[PDB]
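As you look at this complex, bear in mind that one protein chain is not there, while each of the others sits in place.
When the chains are written out, they are named A, B and C in that same order, and each has its own residue count from 1.
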Amino acid sequence: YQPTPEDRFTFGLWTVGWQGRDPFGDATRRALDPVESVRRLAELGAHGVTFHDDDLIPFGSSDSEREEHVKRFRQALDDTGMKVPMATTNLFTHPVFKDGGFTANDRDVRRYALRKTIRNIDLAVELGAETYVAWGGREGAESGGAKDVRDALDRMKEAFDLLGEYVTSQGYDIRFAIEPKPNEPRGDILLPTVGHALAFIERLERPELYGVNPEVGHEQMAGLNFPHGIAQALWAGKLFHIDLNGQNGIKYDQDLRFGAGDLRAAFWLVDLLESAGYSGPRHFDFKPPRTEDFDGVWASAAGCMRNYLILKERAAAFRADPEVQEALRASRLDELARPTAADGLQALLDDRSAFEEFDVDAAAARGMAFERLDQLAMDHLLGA
Amino acid sequence: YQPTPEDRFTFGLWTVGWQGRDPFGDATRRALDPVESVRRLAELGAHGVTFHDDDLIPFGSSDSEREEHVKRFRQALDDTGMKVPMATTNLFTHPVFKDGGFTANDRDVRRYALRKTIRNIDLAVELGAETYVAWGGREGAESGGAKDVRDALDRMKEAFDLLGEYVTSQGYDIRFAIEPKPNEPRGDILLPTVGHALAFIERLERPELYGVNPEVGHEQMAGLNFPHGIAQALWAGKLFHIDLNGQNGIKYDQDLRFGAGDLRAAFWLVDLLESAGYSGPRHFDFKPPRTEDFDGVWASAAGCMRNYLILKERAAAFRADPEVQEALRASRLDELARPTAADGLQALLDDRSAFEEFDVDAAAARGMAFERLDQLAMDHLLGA
Amino acid sequence: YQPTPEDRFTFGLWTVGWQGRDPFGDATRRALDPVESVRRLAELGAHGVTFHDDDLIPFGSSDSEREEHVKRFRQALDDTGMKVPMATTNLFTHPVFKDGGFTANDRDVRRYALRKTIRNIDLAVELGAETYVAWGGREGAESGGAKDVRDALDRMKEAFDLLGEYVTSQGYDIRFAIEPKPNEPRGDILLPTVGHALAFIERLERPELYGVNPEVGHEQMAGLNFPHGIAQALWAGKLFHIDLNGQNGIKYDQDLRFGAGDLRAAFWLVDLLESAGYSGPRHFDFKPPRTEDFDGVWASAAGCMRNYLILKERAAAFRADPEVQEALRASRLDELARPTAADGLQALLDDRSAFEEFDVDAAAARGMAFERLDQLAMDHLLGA
Partner (left out) sequence: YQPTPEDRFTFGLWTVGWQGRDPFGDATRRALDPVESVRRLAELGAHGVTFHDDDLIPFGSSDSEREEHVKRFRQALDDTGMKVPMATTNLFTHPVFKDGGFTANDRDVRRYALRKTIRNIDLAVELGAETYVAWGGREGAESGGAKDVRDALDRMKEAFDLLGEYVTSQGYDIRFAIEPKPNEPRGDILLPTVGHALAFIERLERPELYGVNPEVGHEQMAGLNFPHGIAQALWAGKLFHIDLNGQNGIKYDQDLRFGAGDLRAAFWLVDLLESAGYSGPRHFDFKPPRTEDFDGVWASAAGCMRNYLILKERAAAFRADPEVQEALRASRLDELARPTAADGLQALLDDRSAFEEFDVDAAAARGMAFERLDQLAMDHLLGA
């Protein structure tokens, strides 16, 4: 289960670089130089890294400090063969964004958040990123009167439309991926799920430029089925990026390593990505727990990739097993994939087998055989 | 707080008619004749009722039994002045639908579910309904291998497209409203939230024919903010119906009377519907607890309407209060409603006030004043 | 992974006998004769069955019907070698219990619930049960004014004290196990978690006669860590019974087969029961999904046992692995098991190494090595 470049495993600088500050605790690790993280990730077999503007260039840097930070980072990339497939903006840490970036009630802040984004889009393109993620973690409210959501959606649409006009005007080959989250750090976050983000995108001026960046734990924070949401994003053609991690249920976002948290959901996720031929990076947005020293940071990162590869092997064995293929037919998964009424409306209307002569009790007596199928899946997952 | 016809309060037959069977208990009340429910609802000041096919006509009825059931119901409507604004299909109770209607793995069941729906669309139109709700409560799975979600979405789209072709072919003035729910009775339900349903609709052949029917408790079963989801549905132009009830958090769907459960969310909901000028029925999809006799059924139904009207009064007083209007300005709600960059992209790019000369620390020092605004809202809700 | 009598796997009659009625659906399977269930369970390698009074004897049976039902059941037990280690009362299905049994507001109902219980305690003893479970599924409320909880706890204590006096008066060797659940079918259930039940027991007149019967899914309905709660019950000496099943998070109680739901929690549960030498039955309180026919019922039941045995093997391999034993020492699990201050209070107070000369920064620099330990656990679970 050793990673390869074709596995396309990628990590955010802020993942392994998380110093361990939480709502109730100070940092437990020193800050990492991005150069060190690139080298250590490469050694573990990662293919690339990602960044927020502020992870790579300290907020408020002069042009000369900006250039030096980028130069050093690029040297580490060149030294290792690491790629930068995705970048994003920090529109959440600085106090100025306490009510939002794109949907701050203050218009001056909205305009600033756009200009900060556009600056980093240019950098992302310089570094070869083809995806630009937007996580509006400050967009939302703790109280009902604070945020008129229709007006906030109008501002959010205006912001993303301006970004689309910008990339089009520059001739860039970069696309956007909107990352939903239901809550945390705001009491409620706007576009709280994959579904709300997909629906929003369809209202944009240039919807082809935007997809989703779903994150395992984010959908699980609302108790939703992550594989199901990924399926709807694939069905819509909008899975432009994915963030992989673990989460134990409906609680604060834990950002556990991938494979931890809901292991069976991880299995069905990998099965779906691999069956569908998803071609994007397998990006980990996780935090090594603050209990760990740097050895444990690198162990946790390695574990992300390892668990993906173990699950990949088990899912492939499941799908290739003739006994599972038989059980899939026994449960009529083949029939689910066939059109209900390719004969057309009128033919359906005229078909007595669909109504007057449909034997409902005979149909109801048929078992689905789902339990035997699921125990085959369990046996395969556990290597039993 | 006495209801009027213009309040347009409506109830499902299955609400006040719920006999009290639950996962662990037998019925505690006798079945109600729909005629009795129409009369009792009218006496309380309801404006209309709604129905599933099977609530009005016992499943498996002959044509003559069907006609008699409808005739009696229509007499009660005529006797009372009650309307029937919405109808829906039962595609969940009968064992034949144990794996779904429109997305059953068995194709024969899918075709039958369409024919059952189309039959009741014709009835709905005969009774003057302008909305047809679809709640796919059996669409989904308990296990991962049981349901390929992309194939199920293809079947779901095919079904709704056929229904759209049917209504168009008949020249009917009826539109569809898809009701999301995240889980229960399936482990996970397809289209689990307002967002997923909105996104799905945009993929239909005739998207103008479909909206959402959000239900208070359903979105709260995923821990989501119901007012926020209603706002996104209004923003999209897709709020075709609403189902009102109460829910205490993330648990089994409780179907409490409206106002019970999350009272502050109920307040912000009413504020939003009334401010936005929502024109549809205020429909209650609730269950009087099985602890109650029929006196308690009618009390619970009356309480639905009463709580809506109390909340309406308090929300209107909030919005009309000059002190609240001042607090809204103090929190910059007026600025949220103004375009970020009506000057355009290039002007924003050229505006040093948005970047080089934006004083981030001065902007960050500004309080939002959200707590004072929310305590005004609390004072108004409580009549303090 | 084939079950043996020493595995002591047991099943409730109402598990495999669940006909499939849910909040939104009719039965999908015919009722099973208890005799058939005993025979089929035995064939799968179960060691015993359990029952509610009403599962074995139809409610309202004459004395002669009661005797015949028991006679047939006993013949099936004798024919198979199956045991009956536990019994319980149905104080939830009949409408009379809609506000509770032991804590019904009506005193007449409370007295009846005690008499119904005592009758079945005598039967349980006749059948050789050594544990008597009490699940107060109707004890609680949907609204705040309905149930004064201090008065209800007084009634609950009075009821359990009377049962204790009864068993003591008869000289029976049976003990009670109180089964917590947080909600469903009441909005909130009294004694909602293992902790609340443990605390309650300590207030009883004869606390040695009562323990807990924790159920996997019940604690997971409150988002709690089931292994942790089992650990506290073991620490208290109060784990008198356990109910095994699966649950996917905070939602309606799903009663999935054991191993489904939170698989990693299942692994840590089995590890804990086996490490602690738990000696009671491994009882499954689950429902084969209503999608299944009887073949799927028996498959689901077999899967319960299979998953327990796979997990047992993997947990034992984890604990026996010298690399894991080393990692446990590296994470200081050995030190957690050593007294903080066996030297005593005054010695601790006088120990400068505990205060003035404790190097907090050196201590804080030490990693816990928990991630490497957990990835060993993951590798073992998956057989990697």
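We take it that contacts are C-beta pairs under 8 Å (C-beta built on N, C-alpha and C of every residue); 3 or more make two chains touch, one makes a residue touch a chain.
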Chain not shown: contacting residue from B:3, B:259 or B:280: B:259
In chain C, positions touching the absent partner: 94-96, 98-99, 102-103, 105-112, 114-116, 118, 141-155, 158-159, 162, 165-166, 169, 182-183, 188, 190-200, 202-203, 221-225, 227-229, 231-232, 234-236, 250, 264-265, 267-268, 271, 276, 324, 327-328, 331-333, 335-341, 345, 348-349, 351, 353-355, 358, 360-361, 363-364, 366, 368, 370-371, 373-374, 376-377
Interface with the undisplayed chain - residues on chain B: 1, 28, 220, 223, 248-251, 257, 259-264, 288-289, 291-296, 299-300, 302-303, 306-307, 310, 314, 364-372, 374-375, 378, 381-384
Residues in chain A touching the chain absent from view: 20-28, 92-95, 97-99, 137-138, 142-143, 146, 183-185, 187-188, 221, 248, 250-254, 256, 260, 289-291
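Just so we're on the same page, only the chains that are shown with their structure count from here on.
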Distance from chain B to chain A - Cα centre to Cα centre, in angstrom: 29
Separation of chain A from chain C, taking each centre as the mean of its C-alpha atoms, in whole Å: 37
Numbers and ranges of chain B residues touching at least 2 other chains: 94-95, 98-99, 142-143, 146, 183, 188, 221, 250
